[PDB]
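Every protein chain but one is kept in place in this view of the complex.
Should a chain be cited, it is by its letter among A and B, assigned in written order, with residues numbered from 1 in that chain.
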Amino acid sequence: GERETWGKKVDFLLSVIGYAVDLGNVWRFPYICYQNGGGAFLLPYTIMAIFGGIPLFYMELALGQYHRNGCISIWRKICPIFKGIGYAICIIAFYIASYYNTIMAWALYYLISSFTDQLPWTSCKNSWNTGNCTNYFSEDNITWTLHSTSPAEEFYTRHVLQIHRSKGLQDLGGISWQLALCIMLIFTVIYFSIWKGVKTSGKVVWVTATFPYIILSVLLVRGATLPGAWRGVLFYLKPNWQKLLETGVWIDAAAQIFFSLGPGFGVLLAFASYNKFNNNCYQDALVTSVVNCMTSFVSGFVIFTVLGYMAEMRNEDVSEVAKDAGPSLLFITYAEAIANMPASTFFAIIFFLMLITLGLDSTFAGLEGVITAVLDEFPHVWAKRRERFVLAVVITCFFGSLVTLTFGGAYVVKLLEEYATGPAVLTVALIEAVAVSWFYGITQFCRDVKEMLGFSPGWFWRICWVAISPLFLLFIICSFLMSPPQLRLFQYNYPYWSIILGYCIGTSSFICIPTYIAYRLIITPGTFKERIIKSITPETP
Amino acid sequence: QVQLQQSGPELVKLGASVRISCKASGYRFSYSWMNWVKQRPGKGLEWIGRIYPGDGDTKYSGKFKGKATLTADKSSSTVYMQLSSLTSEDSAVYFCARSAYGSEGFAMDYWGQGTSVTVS
Partner (left out) sequence: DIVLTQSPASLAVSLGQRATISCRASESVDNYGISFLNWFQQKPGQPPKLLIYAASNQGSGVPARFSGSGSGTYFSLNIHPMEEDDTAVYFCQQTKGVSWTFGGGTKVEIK
């Protein structure tokens, strides 16, 4: 087969690292770690990474490399009835692209807004500011009334978001042309990065996957030298071992590691499908997973040095400084830090460029998974003319993201990020692991891995894939189902119909798998036993 | 009770410069633009400029830059205005206003009694 291959091994490694290293490594993991015991949380995170995310990462990489097919078509070679998984994954991508890119747009907007001599989120003198605004790092002579807001909070909520113009999820308001242009530029960059395939995405990730680390090192050096950063680092690391007793800590570690590594989104599979057959996907999986986890740790150091600095300038514990987190931590809290620190313009420019790149590499990977899946599944129509299909994918993602550009767009972004990554994607990943372990047989998968690498996976990997990784995903799914999210943003309690809409989004993502199972059973003739067996067995070309 | 107290009536000669003061009270002084507005004897209001004492950021009208310079003194909660190279045209009543906040359209809610500058 004349299939495309990575120009260089570094291209694949950096593509995977950029995929797994997103803004979640920077603002999800550190907040979750501090909330769940700080240093103690490194014990769940590690454990659920060793027996959880990493086995699935390696399994997906090996599967994609061996079968050299995308998310949709690969199930022809593993378990045909589960072909619907592919389509489900595609839908998930859309939902992700509906909000993911929007967040990047915000960063881009901030980036542009950060090119001024004085950062616009520095003072309360601006048009968007209201009477509640008060300088965050003001002298103690002026008290911080509970109703007060910081200038950066005003800039985020009223200038860029204009959230004040939306009464909630029911009244999103109009579309902000500024964010519309920002996301249009974002999608132009995305398209022109992933329109010729891996031969261009691999080269683009050289900048989009390494630059975030350069900026992270710069920001770590900046924060470590800030006054009061040691207190922030101590809060980050001070272990609350009692938190390990709570099940919620382990639940959060599981969810964080799964959604950080991203095993089960059809993206690692698509990236591996371009690897050379005999390439070592075991080493690649280990290297990329440890890189992602260490990036999460280092970015937590970066964030919490600054949080401790901010907690020192205000005589407050880091708990009040962090508040509630979200994008409201890199756009309000950290943005306040940049505004206060010297050389604020340069640090803001690099910080928001880092956010843009951290998002861009992951979006490249997420959309490339879908593009590869469709290209492999329907080559008779898309094998050529790939550029126009990628254009169609980008246009569809932009149209899906239009709702997130409204003045109530932040509410929709939070809704999607809470429900797009709900138990639907976890169930899809669990069914992937089950199909490749039980239905396809762990022995056959290990034989394929031996044929690729030359050595069969050890008993640890077999046990993980067969029992623990499916059990890991099932544990997360049960956690998500038996605890609905009471999600809240900007003192706006989400309504119950929003929860029902999130359930609808999740099922629409997942309802592809049962629908295709029923379709495949119906089409295949024979009795029910044969009707099922003939479709479980991988098709032989 | 917000009270903007301005200087008394001022009489100056041609080509001189004058210091017009506006003392603010009743509100947090550093977080409100202080607008200076001109009003000639027979003509309407004529915005001169504004100063944010918090950052000390002054923005002037196109025809008043250089002619008028605003400054702030947070210790005394005062806003000062230099009119330079005063001519017969500058003879007018000058008002200082609090400018409310951005959410309220920067409305100049509170005003001073006005300083009558007579150039002769």
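Assume a contact is a pair of C-beta atoms (placed from the backbone, for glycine too) under 8 Å apart; a residue touches a chain by one contact, two chains touch by 3 or more.
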| item | value |
| --- | --- |
| Chains in view touching the one left out | A, B |
| Identified contact with the non-displayed chain, of B:19, B:28 or B:59 | B:59 |
| Chain not shown: contacting residue from B:21, B:71, B:82 or B:113 | B:113 |
| Options A:162, A:201 or A:305, residue touching the unrepresented chain | A:162 |
| Residues belonging to subunit B that touch the chain removed from view | 35, 37, 44-47, 50, 59-62, 95, 97, 99-100, 102-114 |
| Residue ranges of subunit A at the interface with the undisplayed chain | 127-128, 158-159, 162, 164-165 |
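Everything below uses one rule, namely that only the chains that are shown with their structure count from here on.
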| item | value |
| --- | --- |
| Centre distance in Å when subunit A and subunit B are each reduced to the mean of their C-alpha atoms | 53 |
| For the subunit A and subunit B complex, residues of the former touching the latter | 122-131, 133-135, 142 |
| Residues on subunit B engaged by subunit A in the complex (per definition of touch) | 28, 31, 33, 52, 54-55, 57, 100-104, 106 |
